[PDB]
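K.L.:
Each chain, letter by letter, is given below.
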Amino acid sequence: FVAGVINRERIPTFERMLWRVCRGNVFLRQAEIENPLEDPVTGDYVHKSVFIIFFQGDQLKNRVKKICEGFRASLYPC
Amino acid sequence: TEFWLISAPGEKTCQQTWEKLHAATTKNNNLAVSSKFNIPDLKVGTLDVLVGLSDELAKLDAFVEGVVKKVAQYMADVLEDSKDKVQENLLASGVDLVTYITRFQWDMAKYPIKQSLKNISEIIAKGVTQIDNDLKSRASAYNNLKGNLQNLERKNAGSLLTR
Amino acid sequence: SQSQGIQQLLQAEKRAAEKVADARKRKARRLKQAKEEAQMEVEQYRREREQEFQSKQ
Amino acid sequence: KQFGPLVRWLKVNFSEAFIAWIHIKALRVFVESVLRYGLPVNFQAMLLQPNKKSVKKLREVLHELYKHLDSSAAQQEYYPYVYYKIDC
Amino acid sequence: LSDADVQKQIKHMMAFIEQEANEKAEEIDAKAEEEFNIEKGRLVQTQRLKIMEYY
Numbered sequence: 170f171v172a173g174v175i176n177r178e179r180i181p182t183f184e185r186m187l188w189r190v191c192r193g194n195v196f197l198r199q200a201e202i203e204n205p206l207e208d209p210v211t212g213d214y215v216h217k218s219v220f221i222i223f224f225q226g227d228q229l230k231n232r233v234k235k236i237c238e239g240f241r242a243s244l245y246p247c
Numbered sequence: 002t003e004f005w006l007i008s009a010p011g012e013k014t015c016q017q018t019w020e021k022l023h024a025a026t027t028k029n030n031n032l033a034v035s036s037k038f039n040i041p042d043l044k045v046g047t048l049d050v051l052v053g054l055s056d057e058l059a060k061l062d063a064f065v066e067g068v069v070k071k072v073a074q075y076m077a078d079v080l081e082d083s084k085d086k087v088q089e090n091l092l093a094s095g096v097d098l099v100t101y102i103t104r105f106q107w108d109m110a111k112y113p114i115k116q117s118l119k120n121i122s123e124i125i126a127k128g129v130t131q132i133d134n135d136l137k138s139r140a141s142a143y144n145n146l147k148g149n150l151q152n153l154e155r156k157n158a159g160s161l162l163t164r
Numbered sequence: 003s004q005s006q007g008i009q010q011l012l013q014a015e016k017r018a019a020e021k022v023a024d025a026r027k028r029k030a031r032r033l034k035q036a037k038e039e040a041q042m043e044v045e046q047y048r049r050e051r052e053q054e055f056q057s058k059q
Numbered sequence: 274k275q276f277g278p279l280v281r282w283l284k285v286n287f288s289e290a291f292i293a294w295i296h297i298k299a300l301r302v303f304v305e306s307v308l309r310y311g312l313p314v315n316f317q318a319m320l321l322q323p324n325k326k327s328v329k330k331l332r333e334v335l336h337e338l339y340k341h342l343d344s345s346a347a363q364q365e366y367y368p369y370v371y372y373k374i375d376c
Numbered sequence: 003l004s005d006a007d008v009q010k011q012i013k014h015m016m017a018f019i020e021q022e023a024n025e026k027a028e029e030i031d032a033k034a035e036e037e038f039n040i041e042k043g044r045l046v047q048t049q050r051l052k053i054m055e056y057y
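Residue numbers (the deposited numbering), protein chains in the order written: chain E, 170 to 247; chain P, 2 to 164; chain A, 3 to 59; chain H, 274 to 347, 363 to 376; chain V, 3 to 57.
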């Protein structure tokens, strides 16, 4: 399906912050990247996995936009 | 007296006893005082409105808390039913918060329970804003009289060089 | 169990879509009925005015 | 002359302001409880008057009471319940 | 987190969406009935007066 891209250094905390702003409201979908290649920034190959959430509300889209900007993640396209 | 305002899922009616009755989970083994809030049955339309409300209420809550402090400090200067050593907490409808919380309800007098959250939050906000401005006016008038009075008392005070 | 949650919420969203489309449909239906009844009253008014016309003439 | 009525008015308005403080935060806790748990809206909400030096035990008891029922997802940010401090 | 926790989160996701949907539809039908009467009255009065003037 779709495998989003995150750095996943501290995803346990990304997830928690996401629940702090609203806990338990939407499903977090997980995907993983097999045999990732050199990080565009880090310059190395690390495993990557991502949790992607579709929201109906605008307030949560803006919330998680700010969160993902603060978090080490690339969740830019719809 | 400080209080903690806490809410549990409340899925079971046993929660009240779980919260209050059963020592293993009751607050401080049922020694601490724990009273239920009487809150009217209100609805949240959407999640987006829920979040907006969350932020707006946090802002409004801090606003009103500040106003309460401002008016209490004003009266403290007045020294009428509050002082620095005693009567720091304000009374609710003329009784203490402990009494008020004992009989706590959401007050239809401040906002109808049939109002949407937006409208309710707005009515309260308007109320407090108005209260703050009324205080600003009365406090200005009192501080003005207080200073001018002292200035006149001082004018006829002092040593023979300046009195 | 992810695919089930995905399916379930999509089902909720679908029903929601059906719900609003149908509410809008009822609105449309009521508006047409409103027009039909309005015209009926107008025609009733017409007959009345025509009769008074005939009476006066 | 102004003082008399001044302070009588203020005392009344401040009580009303305090009640409003109570109402508005009860709503705050209402909507947060809804946001935290979802529907229906029947939650177990308590006003706690701590005992001296009981805050440790209080945290312990409330933690065990609710933490095991919800999730690790939820202090200043993550608390098993809705919790606001009433400064009085 | 557990599968049961995931199921509870899914139920919560359903629940808010359904509530929003129910409220919006209700709002829509109430206004629809209002619009029914408003448009009806406007139309009726608009043409009734013209008929009157003719008469």
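No lab work stands behind these hints: they were computed from the structure. Any given hint could turn out to be false.
Some but not every residue of chain P turned toward chain V, in silico, with C-beta under 8 Å [said to hold, decoys possible]: (1) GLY46; (2) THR47; (3) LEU48.
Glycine included, every Cβ here is placed at the ideal spot set by N, Cα and C.
K.L.:
Indicate, hint by hint, whether the structure satisfies it.
P.N.:
Hints, one by one, checked against the model:
1. With a least beta-carbon distance of about 5 Å to chain V, the hint placing P/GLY46 at the interface is held under the 8 Å criterion.
2. Checking P/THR47 against chain V by beta carbon gives a least distance of about 4 Å; that is within 8 Å, so the hint holds.
3. The closest approach between the C-beta of P/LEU48 and any C-beta of chain V is roughly 5 Å, which is under the 8 Å cut-off, so the hint is satisfied.
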